[PDB]
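Single-letter residue listing:
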Amino acid sequence: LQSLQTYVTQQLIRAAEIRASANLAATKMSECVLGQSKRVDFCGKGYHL
Amino acid sequence: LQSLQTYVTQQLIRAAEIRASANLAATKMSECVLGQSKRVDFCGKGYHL
Amino acid sequence: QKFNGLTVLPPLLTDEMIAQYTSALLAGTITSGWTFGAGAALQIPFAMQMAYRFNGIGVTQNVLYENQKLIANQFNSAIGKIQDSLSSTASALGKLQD
Amino acid sequence: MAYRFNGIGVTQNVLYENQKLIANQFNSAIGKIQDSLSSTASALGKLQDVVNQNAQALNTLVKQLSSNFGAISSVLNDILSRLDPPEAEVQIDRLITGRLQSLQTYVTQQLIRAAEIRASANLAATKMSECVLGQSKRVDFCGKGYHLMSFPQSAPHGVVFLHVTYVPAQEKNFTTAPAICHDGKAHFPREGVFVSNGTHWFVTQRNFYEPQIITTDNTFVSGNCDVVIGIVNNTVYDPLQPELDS
Amino acid sequence: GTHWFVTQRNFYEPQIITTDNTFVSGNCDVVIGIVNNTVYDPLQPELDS
Amino acid sequence: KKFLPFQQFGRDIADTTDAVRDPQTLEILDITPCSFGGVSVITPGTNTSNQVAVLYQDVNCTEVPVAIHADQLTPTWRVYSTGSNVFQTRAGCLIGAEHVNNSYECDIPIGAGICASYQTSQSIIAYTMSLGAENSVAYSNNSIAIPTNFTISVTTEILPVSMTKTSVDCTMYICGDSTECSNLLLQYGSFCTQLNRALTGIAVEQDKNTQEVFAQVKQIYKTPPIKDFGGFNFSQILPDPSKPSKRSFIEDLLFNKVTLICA
Amino acid sequence: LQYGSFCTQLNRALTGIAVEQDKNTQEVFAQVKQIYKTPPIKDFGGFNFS
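Residue numbers (PDB author numbering), protein chains in the order written: chain B, 1001 to 1049; chain Z, 1001 to 1049; chain R, 853 to 950; chain F, 902 to 1147; chain E, 1099 to 1147; chain C, 557 to 676, 689 to 827, 849 to 852; chain S, 754 to 803.
Be aware that one or more of the hints could be misleading.
A few chain S residues that don't get close to chain C, going by computed Cβ distances all over 10 Å [claimed, not checked]:
1. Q755
2. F759
3. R765
4. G769
5. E773
6. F797
Under the rule of at most 30 Å between Cα atoms (straight-line distance), these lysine-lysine pairs were calculated in the DSSO-like manner [said to hold, decoys possible]:
7. B:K1028 with Z:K1028
8. R:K921 with R:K854
9. F:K1038 with C:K776
10. S:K776 with S:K795
11. Z:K1038 with F:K921
12. B:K1028 with F:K1038
13. Z:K1028 with Z:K1038
14. R:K921 with Z:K1038
15. Z:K1038 with B:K1028
16. C:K795 with C:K733
17. C:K825 with F:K1045
18. C:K814 with C:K776
19. F:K921 with F:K1045
20. B:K1038 with C:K790
21. F:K947 with C:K733
22. S:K776 with R:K947
23. B:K1038 with Z:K1045
24. R:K854 with S:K776
25. C:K790 with C:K811
26. C:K786 with C:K733
27. R:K921 with F:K933
28. F:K1073 with S:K795
29. F:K1073 with S:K786
30. C:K733 with S:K776
31. B:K1045 with B:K1028
32. F:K933 with S:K776
33. F:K933 with F:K921
34. C:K776 with C:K825
35. R:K947 with R:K933
No lab work stands behind these hints, which were simulated from the structure alone. Here a beta-carbon is modelled for each residue, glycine too, at the ideal position from N, C-alpha and C.
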């Protein structure tokens, strides 16, 4: 049971990190792919095209 | 004590998630409500007014 | 559940205070556009504010000053539709309920 | 700085005419920032809070070694000396369970704090990319007001961004119209707004009062005068006639 | 089918192509797909003076 | 609530008794926990004052005198348990703070819109926080406010970027150079390796955070020896070669202002 | 009592979570320094905000 608790806690933390990464990816898709972003270094290095 | 520790850990994880949500809400209040945002799909679908 | 040391009601800001904050934000945005969010609140007619925001999206002012009544009707209808959709849908508030 | 003023919808001429005032204001603001940091010990609350949280977590972890956890003693050597193997094993097992639970709790708390710090560092990197390496149009992201620029400063386990922003200071009231009617044609400002005191009508940039005569170059024509609500009669000066006649 | 106009990109508001609606950049032996049309000068009707 | 003839007990959603019928008379009596709650101390810093107020959470001001009292240090604790300056709020009972009809910006958040401030002789005053200064924009459909001047405002935003990279040896921490303890711990599997891996990952994450935040430039740019930027002065933010550490005045101030971990 | 300060850590974590909730609410909603009020007559060029 302690092993399961530790594994599930680690999985929850990793899932939170992956959720943050996926939110960033969705934001990039919305702003970088569906449009032109003026945010510097957001959609690549340089003046985003 | 194990039950209480599990509850507190779950509460901490949920609090982190809700803090991320609140940061997103504060950013949306700052950018969409107090101004006009050029970010695509951030302040709704379409050209934000 | 207040039977084993669970004491839960420390909201710092009452719902009335949060509603007041939202009303202040609404008044500021309506009567001053985005100016109040970056310094002194500067008044401007709402039609001219809408023209400014149309210019923000790359559309000239004249379109709003020529279709103002149509745009206002569309906005009012959209707001009414949002109210009706919220009233008629129970899963709209799924996140807070969850 | 002129181009960064252009970024916030303000022409270059205002900066090129008030360069001395702007430089004095910037220097005074920097000095005030230094003075506020020096005289206020709570300015760096976030970094100190992080340091204190880590220190207290470590301190509690180390103090947990002094807890019996139901054993006869909290010292391994004392248990070994005072007891035989058959029961020393169970006492050591109790101590091991307690200490392992404490270590697991500490590691979980450290993981959560590390996730929070990673989020904070991602935000700091985004601000550096958008606020320091460029001018951000996002409202209230790089400080309060119309963002002009930013400067990074290192701090123990943290970064301090000095956001320099443009804030309107002295507002004045004027009468405004959405369009102007000159010859049966509606005129709308090319980039600005129509303002007017009691007598005359001018066209001025939105973020700074710089009244100018409403000429054909300052405005563009679109439709007649019977569609716009609030259109006001006025004359739109056309430079062509005085130059061509002479 | 017949005429050429210049319009804002987000709303069909056709307008006569004139020297103030457009800017010149070199001769048109390089641009691919360039078409031929009249670019009226607003000063032309004032040539009577 | 009305029990059925055969019903004796009553339980809530949490399966805890909250109602019982009196054996003598057929009447139903509810059961609730009486006090619970906690005691918090509201105080301005030891500097500028020593008097304090006491907040008893989720309790009525009538029950405070018997809430763990009658055995406390009488002379100095009865003053904060009874007497005047007793205020009932949604948070609980406040003792030693004078309720004030005015409203100021929150200083010490009590809760439910109630805050406390030491300002007035002087005494702790509890009030309802004011969301801000009331304002009314002179809105008209043909009036506009245009700025006739401006201000250059510099503001600080402080963001933590890393933690101390701490590694704890699980075997040593649990077992101090004890062969028997280490052998017993070996029976628990790989927990120590998991904890060590987590800590190492945290340290690597701190290093990565620092690199991403600060390593955003490939070249190392340098300011000109002659600093004539049109009147703008960056001495407070540019590095100072005079000091042994080539760091700006503000950077040195920040480093000094932040303050044994090896103990 | 023999188990150390686990109760203390749990209480501190819960208090920090509560303070975090308050901070989140303040950050989201307390973004306006003044309390603006709409004019008594709601004439906004045909736009209705009732």
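Verification of the hints:
| no. | hint | verdict |
| --- | --- | --- |
| 1 | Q755 | holds, 17 Å |
| 2 | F759 | holds, 16 Å |
| 3 | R765 | holds, 14 Å |
| 4 | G769 | holds, 15 Å |
| 5 | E773 | holds, 13 Å |
| 6 | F797 | violated, 8 Å |
| 7 | B:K1028 with Z:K1028 | holds, 16 Å |
| 8 | R:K921 with R:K854 | violated, 56 Å |
| 9 | F:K1038 with C:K776 | holds, 28 Å |
| 10 | S:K776 with S:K795 | violated, 34 Å |
| 11 | Z:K1038 with F:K921 | violated, 33 Å |
| 12 | B:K1028 with F:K1038 | holds, 17 Å |
| 13 | Z:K1028 with Z:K1038 | holds, 12 Å |
| 14 | R:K921 with Z:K1038 | holds, 26 Å |
| 15 | Z:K1038 with B:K1028 | holds, 14 Å |
| 16 | C:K795 with C:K733 | violated, 39 Å |
| 17 | C:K825 with F:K1045 | holds, 25 Å |
| 18 | C:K814 with C:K776 | holds, 24 Å |
| 19 | F:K921 with F:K1045 | holds, 23 Å |
| 20 | B:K1038 with C:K790 | holds, 27 Å |
| 21 | F:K947 with C:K733 | holds, 18 Å |
| 22 | S:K776 with R:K947 | holds, 20 Å |
| 23 | B:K1038 with Z:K1045 | holds, 18 Å |
| 24 | R:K854 with S:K776 | holds, 25 Å |
| 25 | C:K790 with C:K811 | holds, 18 Å |
| 26 | C:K786 with C:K733 | holds, 26 Å |
| 27 | R:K921 with F:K933 | violated, 50 Å |
| 28 | F:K1073 with S:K795 | holds, 23 Å |
| 29 | F:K1073 with S:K786 | holds, 21 Å |
| 30 | C:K733 with S:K776 | holds, 28 Å |
| 31 | B:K1045 with B:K1028 | holds, 14 Å |
| 32 | F:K933 with S:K776 | holds, 27 Å |
| 33 | F:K933 with F:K921 | holds, 18 Å |
| 34 | C:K776 with C:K825 | holds, 25 Å |
| 35 | R:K947 with R:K933 | holds, 21 Å |
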